[PDB]
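Student: For reference, the chains in residue letters:
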Amino acid sequence: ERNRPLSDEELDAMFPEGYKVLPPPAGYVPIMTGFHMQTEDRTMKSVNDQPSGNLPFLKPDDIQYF
Amino acid sequence: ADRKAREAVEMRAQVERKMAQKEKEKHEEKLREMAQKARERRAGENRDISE
Amino acid sequence: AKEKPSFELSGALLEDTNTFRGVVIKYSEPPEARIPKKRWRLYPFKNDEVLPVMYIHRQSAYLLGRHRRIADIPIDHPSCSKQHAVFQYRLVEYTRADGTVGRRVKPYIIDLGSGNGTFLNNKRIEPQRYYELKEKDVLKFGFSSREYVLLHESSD
Amino acid sequence: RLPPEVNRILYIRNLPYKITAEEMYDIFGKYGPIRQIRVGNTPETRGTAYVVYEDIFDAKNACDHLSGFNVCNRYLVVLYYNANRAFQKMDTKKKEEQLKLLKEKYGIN
Amino acid sequence: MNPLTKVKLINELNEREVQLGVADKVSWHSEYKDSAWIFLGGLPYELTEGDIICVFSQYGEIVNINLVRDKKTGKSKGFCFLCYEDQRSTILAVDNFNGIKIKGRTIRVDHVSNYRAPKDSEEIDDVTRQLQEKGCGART
Amino acid sequence: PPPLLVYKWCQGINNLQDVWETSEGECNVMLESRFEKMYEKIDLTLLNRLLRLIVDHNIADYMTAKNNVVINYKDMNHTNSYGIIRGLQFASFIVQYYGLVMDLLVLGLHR
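Protein chains in written order, with the deposited numbering: chain 1, 394 to 424, 441 to 475; chain R, 294 to 337, 384 to 390; chain X, 220 to 375; chain 5, 12 to 120; chain Y, 1 to 140; chain A, 947 to 1057.
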């Protein structure tokens, strides 16, 4: 089922061609905070969750389609 | 003032980390030491039992 | 011969609740089991060398046995059984010096009748019997290496 | 006690660019062992990732706790990937020899 | 007609009753008020009678059990009849236990009317004779 | 509720140590007063810098900028630039938090 192992060459059948695998590193083996003052950042303003233009609201569970 | 207060808070905070860290590490040695000692006493009723 | 109507339980009913993917699990946690209050560490030292200091605090019960795939704390050496022991934190009712009673979480060991058995302070313990675990104790699993000693954090 | 749409594969949005392979595996490897990680090269896909867990329950847990994590001063958006299509033929000759070797091995039929 | 649709038809009997707002004095179960016998169907064949009694005891005290078995081999046909001590336990069991899964198989529980007992003309077994004449039950 | 607060105060007063004894010449004083014009004298620059200690600077900018509006009744209108507008939804938070700073002036940090 989903629990079953997935072979390396058949897995390639599960993803679009845009992406390249990473090699696993060697160091990977399989198996309060107080008061602080903040620095100004612009980056959270920069990221958008919606497409730009006259496009409708993009629901969060549609992201991988659009 | 903001700049000054950040510096002060960070430096003051940093000192506490070092203090806590040393206490942490000192206490860790005491645990392993205590562990070996009990192993030593094992090498050489105030209990709860159940049916 | 026809298996005329016996009136005894069968494993089939058991396999519907406590059945892990690897195999059916003999032990089911008691209602009084609770996540431990403090942090308890298990120290393993095959003789002079000291192996990774385990951290038991996370969950209420641990199952120790041969199956690395079934057991929370695998113990590889052959002398240990498939299901060997359960380390169980349970709430127990205790009476204080004032005479007031109350609830205190305490750790216990229970051995599922393993063939080699388990030795607590070098004394083997009887199966299907819960044993309260003291501040400092040594746990031995059959004939294998790495005797385990338990210490909680505050103990100093 | 799981919904049917849970999957071993996770899709990750808002990933800071040129993050290291080590840092990636260290972030996602806490919840379980990792079968594979793919990172988007093409500039339209650049900055997003797929992570396959060896265990379905770890992937469940990584979705459940991983979401909204702050890496490189940004929130991490994790979702399940819906493996809804196949991109290649299943290569009947290899599967045939593999099944022949299994059936030969255990005398099945 | 598949058995699963029979399991669904009893459940829709209940949901439909809820939607219409029918009172319990005129519920469908009130047609079976006289009897305390319930049919259980679709059981796994591995289950023995200790299992059936072990589970269906949640709603009351079982008086008698009839897991019908093959005459030659003795293996289970998959269906048995249970008599409860309370008649109201039948209502509880038909509502609550219809369509549950045991070993991956859904079962149907339905009221049985005028259940007719098996004749003791056969001398095939002794324990069955004890079960018929005396039956399972608490002994003081 | 507020009558339980009144009740608590009486209990609180009665259970201070040696509270009603006056043999040596001790005195109790109980003064009830108001912070006059506290809403109007809030400075929005200092309010921004004090909100930044407690919340993400984006939220602090939103709150402080939200107080800066044109107020208009009939044919007259002016910009609010000094005090807070008490009819905002989060104004209660601002008052309590800014009131906290005033409490630290009346007490000490130590007390």
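In case anyone wonders, no lab produced these hints; they're calculated from the structure.
Beta carbons: idealized from backbone N, C-alpha and C, even for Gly.
Any given hint could turn out to be false.
What the hints assert, rightly or not - Between beta-carbon pairs, the in silico distance windows are: (1) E394 (chain 1) / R386 (chain R): 44 to 52 Å; (2) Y1019 (chain A) / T56 (chain 5): 33 to 41 Å; (3) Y421 (chain 1) / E17 (chain Y): 57 to 65 Å; (4) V308 (chain R) / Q473 (chain 1): 41 to 49 Å; (5) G443 (chain 1) / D1021 (chain A): 30 to 38 Å; (6) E17 (chain Y) / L13 (chain 5): 50 to 58 Å.
Claimed, not checked - Only part of the chain 1 face toward chain 5 is listed, based on derived beta-carbon distances under 10 Å: (7) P398; (8) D401; (9) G443; (10) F444; (11) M446; (12) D450; (13) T452; (14) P460; (15) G462; (16) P465; (17) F466; (18) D470.
Student: Each hint should be assessed against the structure and marked as holding or not.
Tutor: So, going through the hints one by one against the coordinates:
no., hint, result
1, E394 (chain 1) / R386 (chain R): 44 to 52 Å, "holds, 47 Å"
2, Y1019 (chain A) / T56 (chain 5): 33 to 41 Å, "violated, 55 Å"
3, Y421 (chain 1) / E17 (chain Y): 57 to 65 Å, "holds, 59 Å"
4, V308 (chain R) / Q473 (chain 1): 41 to 49 Å, "holds, 48 Å"
5, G443 (chain 1) / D1021 (chain A): 30 to 38 Å, "violated, 54 Å"
6, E17 (chain Y) / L13 (chain 5): 50 to 58 Å, "violated, 32 Å"
7, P398, "holds, 8 Å"
8, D401, "holds, 8 Å"
9, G443, "violated, 18 Å"
10, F444, "violated, 19 Å"
11, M446, "violated, 16 Å"
12, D450, "holds, 6 Å"
13, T452, "holds, 5 Å"
14, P460, "violated, 13 Å"
15, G462, "violated, 16 Å"
16, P465, "violated, 19 Å"
17, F466, "violated, 16 Å"
18, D470, "holds, 8 Å"
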